[PDB]
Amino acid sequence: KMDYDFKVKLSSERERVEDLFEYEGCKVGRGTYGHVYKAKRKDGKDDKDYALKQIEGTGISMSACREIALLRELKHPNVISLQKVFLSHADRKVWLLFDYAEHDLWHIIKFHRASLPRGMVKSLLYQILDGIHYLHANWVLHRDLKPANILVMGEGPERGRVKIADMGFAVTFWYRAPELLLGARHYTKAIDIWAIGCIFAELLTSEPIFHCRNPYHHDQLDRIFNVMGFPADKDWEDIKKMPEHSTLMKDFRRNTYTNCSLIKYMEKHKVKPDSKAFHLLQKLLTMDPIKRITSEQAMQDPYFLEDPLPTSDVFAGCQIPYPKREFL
């Protein structure tokens, strides 16, 4: 029914992922979204490392169609770039070619918590904010910001540059804004910001700030109030409008968290509350979403004008101590 000459000609010209790239046995990731391989070019024109994602499922799924639509348009140094898309007609699989990021904040933080340079924390924070700002300006929300989705480039031209990504799940609620936990129906820019504040806290202390063992999650809220304190009416007036506000009042008493505050938590982890670092962190981790700082306002904070200045390479020219990715 389709024209034969047309078919055989396109089939002849079609670049096939198995012909262009060496990747068998080099699987570095597996999750909800599908498998990610560390790939090298067979025809040795580049000789640089690439990430090959095979999208879970078959054909052009809703989710496949969304990743392609967006990533085909987005262009920013601090967001993961789509290099190429392979459609495999034989098995209906879609393959996405990304540039290879050797590191990410999950492994970097885990490596430090197992045991750096002046301004690696600040630089990481700045580049994260820069990329989220770019996405937010284009009305793209991340909706699952966490250390594992903050990639960091290894040796090469983009050494130490942060790449925001969405890797899926290999779920935990440690990075989830209190409004989501109280049943908020929609994702917002402010929800991404809270997650960036949680990452910033974790970069300063090496521990997740809200670590914890349907939309309502009691223990997760217990740990937030154990760190931040229980909010006053004045601090979050629209809390009354959250669907699970009545369950919150049923289950919790302000009195329980009377000794608790972010000042006290951070002090225990040897971060001084008179520091610009802390004063920025407090604006990111504000409980009422409308009272939360925006990504652009964060970028303009005097924290980033105080010594040391943030650098393009977050490693500041230093040798990288972290191991390469293990194959699976």
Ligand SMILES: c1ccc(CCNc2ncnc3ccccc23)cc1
Given for the second form:
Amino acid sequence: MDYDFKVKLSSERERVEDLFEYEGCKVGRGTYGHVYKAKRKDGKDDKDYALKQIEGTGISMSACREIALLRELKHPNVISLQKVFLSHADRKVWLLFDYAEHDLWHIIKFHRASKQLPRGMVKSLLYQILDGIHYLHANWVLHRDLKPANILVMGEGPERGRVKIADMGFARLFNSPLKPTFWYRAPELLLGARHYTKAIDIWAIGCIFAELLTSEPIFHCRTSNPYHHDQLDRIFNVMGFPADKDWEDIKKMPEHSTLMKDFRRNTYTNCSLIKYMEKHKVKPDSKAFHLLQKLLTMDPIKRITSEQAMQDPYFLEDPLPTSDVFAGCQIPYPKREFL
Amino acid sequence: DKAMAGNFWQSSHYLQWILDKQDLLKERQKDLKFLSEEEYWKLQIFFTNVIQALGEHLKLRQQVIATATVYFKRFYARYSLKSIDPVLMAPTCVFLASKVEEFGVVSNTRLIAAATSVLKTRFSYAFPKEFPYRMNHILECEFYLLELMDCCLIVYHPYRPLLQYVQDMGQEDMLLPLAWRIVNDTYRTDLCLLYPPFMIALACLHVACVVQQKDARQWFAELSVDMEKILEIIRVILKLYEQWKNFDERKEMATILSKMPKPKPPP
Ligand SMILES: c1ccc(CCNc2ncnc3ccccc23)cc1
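Structure of the form deposited with this ligand bound, please, following the form deposited without this ligand?
Now the full complex is given, and it begins with the chain already shown.
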């Protein structure tokens, strides 16, 4: 390697520790990488940023794909990569984003602890989640890990109350769930589906939508094997057990024979999404319910697409979705605590 | 892998890595103090062949090999051959391109064994000594490559649109194998840095039609495209085949490699 080339690039290289104050401001601590709330040191920047230090060293397959896809993806409801820092000394990779004060895990927990304030909040959240996922799906990118903690919401600032989809599962070996919470997992995954699909993301959106309406995870439940008995039991307790006509291709699922060994139709004879949602004060003849039932369809080939869901007359009914999901109302949710 | 497939017009490829031909020639003058124009083209051909053999040995699909080739050209589009040894850069490009795909992984030991084996069994005319770099050098070079490319990793190629065009013709059996092979050959030129891939696809399909005496004038007429640009690309393809004929890489490459400017050591 040429020495002048080397020292010139070293002289010019932006280092994360020079540009950003983040020490002691850790806010996420997952397996994929630790997240910090950061402030700009240089230009007296008022805005908050998120710095993700990617777990491990070097550039792993997952790190490469995440950088590759985030570098291209540009949509208002998908989290937006501002900058990548490559720290040569310790071989660490840092990703810079705009900071999202809130997320649906904390928003939903707040309501659950308190007992959807502005009447269009749930609807506006649902619409923006569908809009972001639709953009991913139209570019042949699956999320593969959708849950409330990965639906961020921007706080005070220019993008107030805007949904940002984050923490996409950008690397899965052979696009397989079988390679190294189950509450948001579609039934086909639990029966051994070999590949992630668009439909699997839509089921998860269905689950999130139910949780926003009720404040409770709809499929709440207590090895490398994809079959989870109690999680399937919870889905049938809520949805009922699927008839042959409801899911004809269930017989092709690798764990279908295991399902038949463990489960009897009779056990769930008085169970349905209608009855479940009625107990939580959601009307079965509401446009909200009818959309929800289209998202939580057991057969993935009968599941509604993101674009079709966005066209549902639910979003034409009063109140209309708003760009700021808080609708200009004062945000009562707490800021995130530092770790 | 069809990730971002319909996004070319908002892609980093299009917006950052379709270069102006005069900017490209201006940056190349620093290496033209050491090598003639013909020698520089002969070098870029040689390293395209190195990357192809490495990718074939590792059993990667042609799109991955093409991506690795584009990374290499992008690096040397901006920097001198002396900045990092191209013997090290080639396998580093293949390695990084392989990690953009999720269907399997190239291990460290397999990458190194592949570079060592391919250079000795297939390129001993160019290189008298064994591949001297270890995995720590690949890992260091990968950081520099990712940085120069501004983390632009998704690359679009002519294979996908070619496939669509030949299916539109209803001439897959006759024209596809030849047109595909001409697409491969265009990577021996600067075309991937200068033109959108679909235009390269059309020019390759045109040459394939001429070689096989297939009249497709009416089909090309039904397209809404700048044909002057297509003819420009065809002219470069025909020029490559004349250079190919007059070039014996086996007889010439050891001499051309010795003329390359070499990386300066520290004091
Ligand atoms: C529990 C649930 C969610 C979180 C979110 C942590 N993650 C984040 N927090 C704030 N801004 C970000 C911006 C871009 C990417 C991730 C962010 C933390 C704990």
